[PDB]
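> Listed here are the chains, written in short residue letters.
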Amino acid sequence: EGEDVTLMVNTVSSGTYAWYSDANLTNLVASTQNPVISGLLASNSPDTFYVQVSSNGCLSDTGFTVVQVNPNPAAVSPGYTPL
Amino acid sequence: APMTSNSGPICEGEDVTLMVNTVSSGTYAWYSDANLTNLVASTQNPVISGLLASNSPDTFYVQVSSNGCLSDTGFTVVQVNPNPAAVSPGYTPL
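Note that the protein sequences, when read in sequence, are chains C and B.
Adding 1413 to a residue's 1-based position in the first sequence gives its number in the entry's author numbering.
Adding 1402 to a residue's 1-based position in the second sequence gives its number in the entry's author numbering.
Some hints could be false.
If you only want the chain C side, here are some residues facing chain B, beta carbon under 7 Å, derived [to be verified]:
{"#": "1", "residue": "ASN1423"}
{"#": "2", "residue": "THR1429"}
{"#": "3", "residue": "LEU1441"}
{"#": "4", "residue": "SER1444"}
{"#": "5", "residue": "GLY1452"}
Hints in this document: simulated from the structure, not taken from any laboratory.
C-beta atoms are modelled at their ideal positions from N, C-alpha and C, and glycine is treated no differently.
Given only the sequences and the hints, what does the whole structure look like? Please build it.
Shown next, in the form of structure tokens:
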């Protein structure tokens, strides 16, 4: 958490690319071969994204990556012996 | 209708990325109205600076101007976050 994730489509030199947060086509989160998603939480650590290469007058299948978001370790409260 | 999107919530003082799904057809246009008025952005991924939480649901309208063709009017809503009040700290006289 606090780091961004590179998300990727194999280079398909056919058309435009699309990414969606659903398995369906909803709120395009990324529209390119190598977009980066910021703001993901470990509260949803298996974050699945769906992949569609929009070729010229053609739409490809719906591939899916899963982003693994790592929980941030708890804050530390250090101390010392009075001296 | 070109799928529309934007960045998540933006604090006053921060800028917002605004987005049109990549439509490799022509030029892009954004307007502050639902109508065609004062083009604020003319590309797939423009950034708007200067938005206020005084108008926190700021709706923008989306038109992909293809070659000799104009697409529908998509709409994103930018969520602008109010800035917390200033703090006036103090201390015990010592």
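> Which constraints among the numbered hints does this structure fail? Numbers only, ascending.
1
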